[PDB]
Amino acid sequence: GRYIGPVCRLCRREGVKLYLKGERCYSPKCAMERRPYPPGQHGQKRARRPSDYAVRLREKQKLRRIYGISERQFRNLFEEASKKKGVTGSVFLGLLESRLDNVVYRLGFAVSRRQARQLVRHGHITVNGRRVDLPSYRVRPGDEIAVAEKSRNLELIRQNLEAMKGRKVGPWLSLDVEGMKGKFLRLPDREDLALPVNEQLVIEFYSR
Amino acid sequence: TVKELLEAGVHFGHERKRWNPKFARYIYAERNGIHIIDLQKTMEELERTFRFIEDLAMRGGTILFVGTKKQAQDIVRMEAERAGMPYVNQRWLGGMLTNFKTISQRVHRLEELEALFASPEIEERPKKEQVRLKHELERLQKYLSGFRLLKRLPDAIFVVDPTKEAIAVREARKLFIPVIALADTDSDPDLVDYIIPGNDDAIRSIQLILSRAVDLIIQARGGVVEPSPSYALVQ
Amino acid sequence: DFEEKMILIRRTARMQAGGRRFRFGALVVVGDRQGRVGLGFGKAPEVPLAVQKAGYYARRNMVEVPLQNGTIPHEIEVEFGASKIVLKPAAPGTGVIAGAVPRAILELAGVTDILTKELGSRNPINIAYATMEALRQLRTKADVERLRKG
Amino acid sequence: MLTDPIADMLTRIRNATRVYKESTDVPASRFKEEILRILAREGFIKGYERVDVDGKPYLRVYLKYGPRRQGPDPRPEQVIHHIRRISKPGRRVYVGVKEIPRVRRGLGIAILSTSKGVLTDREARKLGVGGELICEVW
RNA sequence: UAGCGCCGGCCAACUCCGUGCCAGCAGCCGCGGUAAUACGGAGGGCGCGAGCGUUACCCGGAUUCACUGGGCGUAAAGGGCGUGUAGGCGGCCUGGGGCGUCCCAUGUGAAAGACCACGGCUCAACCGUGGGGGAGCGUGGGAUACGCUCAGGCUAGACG
RNA sequence: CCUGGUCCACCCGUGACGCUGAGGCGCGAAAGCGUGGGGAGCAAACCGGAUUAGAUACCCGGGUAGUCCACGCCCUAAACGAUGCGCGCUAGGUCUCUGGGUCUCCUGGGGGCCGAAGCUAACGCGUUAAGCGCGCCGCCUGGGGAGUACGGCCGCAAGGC
Ligand SMILES: [K+]
Ligand SMILES: [K+]
Ligand SMILES: [K+]
Ligand SMILES: [K+]
Ligand SMILES: [K+]
Ligand SMILES: [K+]
Ligand SMILES: [K+]
Ligand SMILES: [Mg+2]
Ligand SMILES: [Mg+2]
Ligand SMILES: [Mg+2]
Ligand SMILES: [Mg+2]
Ligand SMILES: [Mg+2]
Ligand SMILES: [Mg+2]
Ligand SMILES: [Mg+2]
Ligand SMILES: [Mg+2]
Ligand SMILES: [Mg+2]
Ligand SMILES: [Mg+2]
Ligand SMILES: [Mg+2]
Ligand SMILES: [Mg+2]
Ligand SMILES: [Mg+2]
Ligand SMILES: [Mg+2]
Ligand SMILES: [Mg+2]
Ligand SMILES: [Mg+2]
Ligand SMILES: [Mg+2]
Ligand SMILES: [Mg+2]
Ligand SMILES: [Mg+2]
Ligand SMILES: [Mg+2]
Ligand SMILES: [Mg+2]
Ligand SMILES: [Mg+2]
Ligand SMILES: [Mg+2]
Ligand SMILES: [Mg+2]
Ligand SMILES: [Mg+2]
Ligand SMILES: [Mg+2]
Ligand SMILES: [Mg+2]
Ligand SMILES: [Mg+2]
Ligand SMILES: [Mg+2]
Ligand SMILES: [Mg+2]
Ligand SMILES: [Mg+2]
Ligand SMILES: [Mg+2]
Ligand SMILES: [Mg+2]
Ligand SMILES: [Mg+2]
Ligand SMILES: [Mg+2]
Ligand SMILES: [Mg+2]
Ligand SMILES: [Mg+2]
Ligand SMILES: [Mg+2]
Ligand SMILES: [Mg+2]
Ligand SMILES: [Mg+2]
Ligand SMILES: [Mg+2]
Ligand SMILES: [Mg+2]
Ligand SMILES: [Mg+2]
Ligand SMILES: [Mg+2]
Ligand SMILES: [Mg+2]
Ligand SMILES: [Mg+2]
Ligand SMILES: [Mg+2]
Ligand SMILES: [Mg+2]
Ligand SMILES: [Mg+2]
Ligand SMILES: [Mg+2]
Ligand SMILES: [Mg+2]
Ligand SMILES: [Mg+2]
Ligand SMILES: [Mg+2]
Ligand SMILES: [Mg+2]
Ligand SMILES: [Mg+2]
Ligand SMILES: [Mg+2]
Ligand SMILES: [Mg+2]
Ligand SMILES: [Mg+2]
Ligand SMILES: [Mg+2]
Ligand SMILES: [Mg+2]
Ligand SMILES: [Mg+2]
Ligand SMILES: [Mg+2]
Ligand SMILES: [Mg+2]
Ligand SMILES: [Mg+2]
Ligand SMILES: [Mg+2]
Ligand SMILES: [Mg+2]
Ligand SMILES: [Mg+2]
Ligand SMILES: [Mg+2]
Ligand SMILES: [Zn+2]
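Chains as they are written, first to last, in the deposited numbering: chain D, 2 to 209; chain B, 6 to 240; chain E, 5 to 154; chain H, 1 to 138.
Warning: the hint list may mix true and false statements.
A partial selection of chain H residues facing chain B, derived with a Cβ cut-off under 10 Å [what the hints assert, rightly or not]:
no.	residue
1	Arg-18
2	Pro-27
3	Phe-31
4	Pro-67
5	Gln-70
6	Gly-71
7	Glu-77
8	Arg-125
The hints are simulated quantities; they were obtained by calculation from the structure and are not laboratory data.
The beta-carbon is built from N, C-alpha and C at its ideal position, and this holds for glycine as well.
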């Protein structure tokens, strides 16, 4: 499924500017820089006070649509996190950030997470030398995420990594631009993520 | 402060009935079907009570005196008309403390009408108002006689009969105001924070206790005053 | 400085010759999320006045909560009327698990992880009062050893 | 007669403290006295002492209360907020050492009768024995 | 290849037209008799997605068979009353036994499954290896506060 | 005349002999049934008079079973405190019945009212608990269908459980 369709309509509906196209969510064309109201005929109408279920559902949908993960995998990851020992929310975030497509996005190989998903699915990304084409692949601390030597001549990779010159990466990631590779140093802490999501709201949403 | 043996007429409590079991600790015995207060525990509690009074008085605190028993009205109306502690004489109005702002508005109207009877505006707006406002000021002075002195909530209250003035006691409890009271056998001692186990019906008991109390108050602020002119109220 | 959230708003009716006449009641919790909470029930002919009055009443009725690392020091069980509230401390990373009313009250108190259960009457007013009395009946180890000095 | 003397003592203490009595007399027995020892050791009471009523021996339990509180209801806080018999006649309660309950997550006590005497939850747990769960107090 | 359900409240999602207690909807409350966010269609929205709904059944919520964890004056519920059989329950003190109770040691608790860790299919589902478990019951030894039993004693219950 | 229960005082005797109680057994207002007797007043049914739109009612005049007695059945009820029994604990005031005592009063048993703490959804309960506890028995699990059907037991029958 992947929800495939319009994306900046989610930038609008969630009320917070999402980055689903990569660029053009930074340019004054996101339709969130110019139309902050939700979509539809009744978008500009006066909003009613949302229910608690409304708030929690909206927050969970925000966090889920940020990564482009389906409801099945999302709920599975959440239950897996709740099984583990430790804070459920931070562990859930560390799991979501450990996905191979999300790591490719975070490493600047792709401008958006969906472009990263296509880069992974088409076998343009390697993990520790071996080719991996699964976005749901979980990256462990220490894994080297590289670009396939046969794909290092593609125009899109050249562009993205030519733009990554001078850009910094997340505190839990290392990047080598000449070799077109990187390393997942550790799991990201809650303070390392600047996501506009309250994890406790999602925990309470699934607590029902 | 020298009332050791002079306690003549204070030990007489109420009858066998109309008492409160919680008062049994302050009772000596029962002579001829009348509870008699324990003389020792009287001064025992008087030490602590008068000590609290001295502490609160030398700090500049205000104490509200509440008397309505018709046997202590004429006494409170002057023992508080001494050192400027306010008083309530005719009847205790519901809300004088918890609704203190509205009663203070009534006091504002009182001083407003006092100002109108001081200005030449008495003659304008003819005799109809000159009688209405006259009776209004009359009753405002009748009820808010001593209460007009309270600019803010008091720092303590003094009650002559906590059973007759139970509403004032409750209102003081609600606002965490210390409650000093001259309790008798017909009252609950737990509600009183500083108890004075004496008689509330006789005039000599009230006169003695309140005279010595106001004397201790003025002594805590220096300038010992002459004996209070409340003896002539024996009649 | 003080967060204010309404629990429920209801419209009551009294009968008068001619028809029914409406009066609005509202519950309001106020908390600093530091350990102080407050519950208030306001009534007024209109809704906003009722909410404001409930806020005033709630600020006038405060409760100091002895939090111990975002949770409660010991499990409690309070009957208010026919309503029963059951509270139980939880390890961090649990979250507040409660009905709407106790969740709001505890969240404004600064609680982060706790387990609750409403029993008997589910009445929001009585459940709120039971939660308040539960928070009021909480004792710290310091308070316990203070009561047993002798 | 009394069907449960121990529960009778516990209820005497409850009813006494609920009206802020000075002391209460309970019909004397070695088991009751051994329980009262734990009580006084844990600070729920000022102590106990053997006394004699008109012909028979009793135990005066001297009760304990907190400071007088402010505002309405100045009655002091109860030192024994809750005291409940568990192993009653007709349903006796025995627990192993790994089954001893932690009362109020620590702030309370549970009185056990074990083969090594009448102990508390922490006392028995440190001794490593279980027994009859007499009553919970906090 | 993109579909299916929903948009009155519970419950996330609103307007237009048609219909006029008709045709119909509905899990519960309920909606329709002229201007329906509830019927039917449209546009729009919400939710999931190679699925989405429906029906059936089980547990859940349900503290609604209440051991944990409920009740019986007026809400369903004290028997019309007594005498008393079995049964349940049993004041104070000492001692014997150790049946209940408790403790230690030991045996048993197949594998699979469940939990944890690592590993093998590019991940996962799936699978492998290792680890940890556990009540109960058997046996040996020990404890005796309580309950039990036997022997003795006491008078506060009871009877005279 | 025969006979049951109960309370108090003395502190005399026995020495836990106690509490409750599924079954069982017995008692059980009124009405009702059987046999015999009785039968004043009352009075279902019924006979009339009124009233009424009608009046198989209320109102009025009569009147049988019955009401009464002996013996035997019947087992029901708003059989009510709509509150099972027992014991212990937890402020008092007032009225009363009945004892004892230093007889203003104290103490014990019982019948009422008001009320501390507490309880209750509230009304209310509150040492005669609906409070705090313990033991044992009975019973409840949405309303109608229905205290009906079937089965069993009991009963002469009505019918009851
Ligand atoms: K190629
Ligand atoms: K309660
Ligand atoms: K039609
Ligand atoms: K429609
Ligand atoms: K009945
Ligand atoms: K005949
Ligand atoms: K007499
Ligand atoms: Mg977790
Ligand atoms: Mg977990
Ligand atoms: Mg506190
Ligand atoms: Mg209740
Ligand atoms: Mg319910
Ligand atoms: Mg065992
Ligand atoms: Mg809605
Ligand atoms: Mg439909
Ligand atoms: Mg269904
Ligand atoms: Mg039309
Ligand atoms: Mg229309
Ligand atoms: Mg519509
Ligand atoms: Mg559509
Ligand atoms: Mg399906
Ligand atoms: Mg179900
Ligand atoms: Mg259940
Ligand atoms: Mg449950
Ligand atoms: Mg059911
Ligand atoms: Mg139960
Ligand atoms: Mg129930
Ligand atoms: Mg009965
Ligand atoms: Mg037997
Ligand atoms: Mg027997
Ligand atoms: Mg025994
Ligand atoms: Mg036995
Ligand atoms: Mg022995
Ligand atoms: Mg053994
Ligand atoms: Mg196994
Ligand atoms: Mg399981
Ligand atoms: Mg692997
Ligand atoms: Mg084992
Ligand atoms: Mg053995
Ligand atoms: Mg031995
Ligand atoms: Mg014997
Ligand atoms: Mg006798
Ligand atoms: Mg004798
Ligand atoms: Mg003898
Ligand atoms: Mg009996
Ligand atoms: Mg029977
Ligand atoms: Mg009969
Ligand atoms: Mg008869
Ligand atoms: Mg006959
Ligand atoms: Mg005959
Ligand atoms: Mg006649
Ligand atoms: Mg007639
Ligand atoms: Mg006729
Ligand atoms: Mg007619
Ligand atoms: Mg005619
Ligand atoms: Mg005749
Ligand atoms: Mg006949
Ligand atoms: Mg009756
Ligand atoms: Mg009855
Ligand atoms: Mg009933
Ligand atoms: Mg009774
Ligand atoms: Mg009596
Ligand atoms: Mg009463
Ligand atoms: Mg009360
Ligand atoms: Mg009332
Ligand atoms: Mg009772
Ligand atoms: Mg039925
Ligand atoms: Mg049914
Ligand atoms: Mg029926
Ligand atoms: Mg019948
Ligand atoms: Mg029948
Ligand atoms: Mg039949
Ligand atoms: Mg037959
Ligand atoms: Mg018939
Ligand atoms: Mg018939
Ligand atoms: Zn965008």
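Inset, instruction - Sort out which numbered hints this structure fails and list those numbers smallest first. - result: Hint check: 1, 2, 3, 4, 7, 8 fail, others pass.
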